[PDB]
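**Q** The residues making up each chain are set out below.
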Amino acid sequence: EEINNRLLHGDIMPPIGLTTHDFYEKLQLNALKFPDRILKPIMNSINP
Amino acid sequence: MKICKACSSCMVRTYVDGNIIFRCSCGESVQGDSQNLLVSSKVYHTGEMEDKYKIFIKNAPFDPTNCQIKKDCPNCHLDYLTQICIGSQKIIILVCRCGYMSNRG
Amino acid sequence: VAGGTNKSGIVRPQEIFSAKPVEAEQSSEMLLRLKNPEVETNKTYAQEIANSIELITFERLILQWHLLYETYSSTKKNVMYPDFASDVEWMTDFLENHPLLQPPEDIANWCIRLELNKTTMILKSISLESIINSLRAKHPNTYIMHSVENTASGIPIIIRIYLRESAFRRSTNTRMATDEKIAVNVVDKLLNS
Amino acid sequence: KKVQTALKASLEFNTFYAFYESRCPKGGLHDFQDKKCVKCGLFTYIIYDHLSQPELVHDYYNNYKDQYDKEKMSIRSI
Ligand SMILES: [Zn+2]
Ligand SMILES: [Zn+2]
Ligand SMILES: [Zn+2]
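Residue numbers (the UniProt record's numbering), protein chains in the order written: chain A, 678 to 725; chain B, 1 to 105; chain C, 1065 to 1257; chain D, 914 to 991.
Quick caveat, the hints were computed from the structure, so don't treat them as lab data. Misleading hints may appear alongside valid ones.
[To be verified] Below are the BS3-like pairs computed for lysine-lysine, each with C-alpha atoms no more than 30 Å apart in a straight line:
(1) D:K915 / A:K703
(2) B:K2 / B:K70
(3) D:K978 / D:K915
(4) D:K983 / D:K952
(5) B:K70 / B:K58
(6) A:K703 / C:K1188
(7) C:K1188 / D:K914
(8) B:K90 / D:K921
(9) C:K1202 / B:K90
(10) D:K939 / D:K952
(11) B:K2 / C:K1253
(12) B:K70 / D:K948
(13) C:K1202 / B:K42
(14) D:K939 / C:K1188
(15) D:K914 / B:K70
(16) D:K915 / C:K1188
(17) D:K914 / B:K71
Construct the complete structure from the given sequences, taking the supplied hints into account.
**A** Structural data, given as structure tokens:
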């Protein structure tokens, strides 16, 4: 959501060689990945 | 282009001794003065120009499928605006039904 | 799958097994190692060199271009396109700002008017001065005028390139090309610089 | 409140120094010798660090701020 907020205020400046659309998509894909912490609730619900 | 006065046909443009001369298939020949000094032209980024979306931006406040945003319109003080994101640079425009439009246009 | 990086269902194996030429490669890449081992340690040095080697043709800096049948004389008021008659205001400034870049005596009746994309000039970090040198170093058979580099929005930067008579003296013995054909061929060369 | 204020300041600095990483305010790309650009006063050890030497981060930014602002506005138009 805060990447979208940066877009609304025009605070997303893409680097050289990337358009704003391509840089925004790159930021969203990176920001929407499960961390390594996701197994902490998973492993607490199971008995290995 | 130049339209023949006599037969209203598309006259053929040629260049003689530093002048643009239009000659028609009916023999009528005229010379352009100022407005015919445009051999060719091209416009780049035609897919994101402001003249592309004029109708769409005008109709955006009434289209019910557009994304709304919780912001106050500075003209009519309506508490919601219509947010659109056009172009490859993702230009954000806020529009309202009263005629307000961000970017001052 | 996007253009230039197409590694979708079998394409790259087909590029190898069919021995397709370099012109038909949709996913060609290349790895370059910096000459100085000290430079390759620092990321910023490698970052600016990477942006140094990136094909920015003169075409992609242009929003629109116009080909005009005009000749420019400093004193004589030649005919000019009415929609672009306001260009003369910054032409006088250019003449008084460059006492060495005077218009030649063999300017042909062909003008190319250019309106630079100021947004692309900012994102790619390309100055007006760099563009002028690149075009004047590659096209000696043209005379180039430009407006002032403005930092205020709403006023564009205009590049004006005048074709000299020697542009047609290159090869006009091949009469199968009218002067309109060479001028169109020249602007293609200018844009692909 | 402190978290959001510090995040605003840090994100603004990060955006400014990511824009002017290879881009040079004086035009073109950075010309780096002796670890310092010659067109501007940029240092190599400031582009990715804004905490170890804050003063040198609060000077370069204070030199090309409004400049940066006009370019940011220009990109977000038309
Ligand atoms: Zn006719
Ligand atoms: Zn309103
Ligand atoms: Zn610099």
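**Q** Looking back at the hints listed earlier, which ones does the structure fail to meet?
**A** 2, 7, 9, 12 and 16
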